[PDB]
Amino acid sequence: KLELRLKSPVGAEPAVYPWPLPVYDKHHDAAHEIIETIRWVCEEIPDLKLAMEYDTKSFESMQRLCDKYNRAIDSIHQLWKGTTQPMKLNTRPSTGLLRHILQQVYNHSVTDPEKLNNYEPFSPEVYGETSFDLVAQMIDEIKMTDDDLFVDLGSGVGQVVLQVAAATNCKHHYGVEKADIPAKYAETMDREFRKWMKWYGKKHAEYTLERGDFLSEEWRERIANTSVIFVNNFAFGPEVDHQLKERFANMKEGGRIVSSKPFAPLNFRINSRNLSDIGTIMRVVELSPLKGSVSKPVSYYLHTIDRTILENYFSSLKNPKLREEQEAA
């Protein structure tokens, strides 16, 4: 048996790979994961990048790369023992590193990715090469603080929950998934994610990947108490979207829902016939699309619970002037 090992930059257990190096799918294999890990650790640590003064099918050539990386790591650990300051260990991963870490967690967790169903509207042979970016855009645009609770509704193997948990301060992040196959992989994604984040010396916020149905009664109260919801509802039917509207109607003021299809018209106009529709209690905006993203770019929608829309309508009805105007129609 032959092996390649990469040392952890913070002294966790080394990553070990058998030779020949495994292929994970049509676009991912262990040789590129190794090269990319080396590259990313070099971004974490300048002196390492400096000190790194390649045929992926030659063992010797790949061992010469690993050896070189490992010797460089040893010398950086020595440097840290001296007066030099160690790497800050309390930090979150940059977006780029997080993309790599999640690909790596997915590689080791999702043993047969063909079993998982494609998430419309994204490409099926792409592994989040745009969904990852959209979520990244949202993480930046949506201020989240430690008083927030986050849910991804229908969370698959947990790819979005783990991204968001790596990046934000929400008190807790949840994913709820209904199907056996994705739920089982989520169990492993969790394990591998905790392990690889330790390996790179990075922190995440608390999260839980749970098995459940988000239309169940247990999730009624839980949706009600969530302040940020992500849901890729583009392919949902009108019955399921309707049931979600019922749940969203119980959210607290300021609650936010980001979706791929809006749950209410963007120019909702409140009157006697639409008094009970969800548009009476939320602002809806079309978010800024991300250049370099086909499906015409991917559009996405932010809803904010705001009952003052409804308060003003009722106040307007008490005013006989405004009341007469509305009765123009």
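By rigid core we mean the largest C-alpha set that fits within 1.5 Å across both forms. Residue numbers count along the first chain shown, from 1. First, how it differs from the form deposited in another entry.
Fit the rigid core and compare the CA positions between these two forms: of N117, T145, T208, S75, just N117 moves by 2 angstroms or more.
Residue displacement note: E129 has its CA displaced by at least 2 Å between these two forms (rigid core superposed).
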The other form holds:
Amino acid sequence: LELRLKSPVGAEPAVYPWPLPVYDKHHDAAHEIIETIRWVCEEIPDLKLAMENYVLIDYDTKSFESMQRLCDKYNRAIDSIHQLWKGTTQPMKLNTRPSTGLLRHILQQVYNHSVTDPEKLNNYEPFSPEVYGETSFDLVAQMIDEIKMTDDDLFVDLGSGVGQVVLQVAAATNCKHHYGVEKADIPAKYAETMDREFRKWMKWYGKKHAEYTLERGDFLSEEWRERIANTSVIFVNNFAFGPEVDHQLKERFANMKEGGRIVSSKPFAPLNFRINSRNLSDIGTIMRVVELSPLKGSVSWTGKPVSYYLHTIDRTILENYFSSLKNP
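Output the structure of the form deposited in another entry; the preceding block shows the form deposited in one PDB entry.
For this one, just the chain is written down, with no partner chains and no other molecules.
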């Protein structure tokens, strides 16, 4: 026994066994199905136009028949749309990026099909750099909107977890490459499935994504010293990293090129940094730091609004200090 949803672009249908599984207290396969149909409707006007017909909510996530009736109405509409494209009508553009709303849904779907046992992610040594925590879709969305990127950029998420930040960025921008490196076995293992599921579902919806790679590794290693040096945009959720690891990261950001940028949950240099005779060796001498605007309604455990910081490699700061010394 099952449930099938045909792809709007001919990819292999999505098959859900019955009974539909539950992902967590607020997410189950039944709702995923309904939302997926809703979103494909957003991709295809004619499809949405056909789904209005009679579907007066007469479906209940409990009954197989009731769900099978929903899927079938969706599937029959997809067949007609497919015939419609054989006619004169223009077939949906295949190399487009997903809208933000579809992307949120897609990542939710990929996650649920990938992180089967969410609890396992918390099995980490507390009070260590291994502490797990996920950056909200919204913040990543904010970063993407504020930190403009181009096909010239190289994006890296240091300590990528199951890799959902990399996936969102790869789906939203056109960097030459996106990388995620994660050290712990658990999140890294899940990342392999996140990766497969993601590519599979993007194909299913007919949406394009930039190049990306999810890697198992240690970003403090020798290999990464240079890779970091060549990265133009680094995202790093270092809230629980600690002074030791942050110090080491600073030692590595010191080799980045001008205009290179770093977005993190904990600043690598004071915001009020004033270069003087005692702090010449400080990383703050070669970078501008600013606090990104907080997203309205966003309370972290600290009770205050969640905060992220943008650092921009700017050696002009240092150059001017020395000039100021040739005077005054």
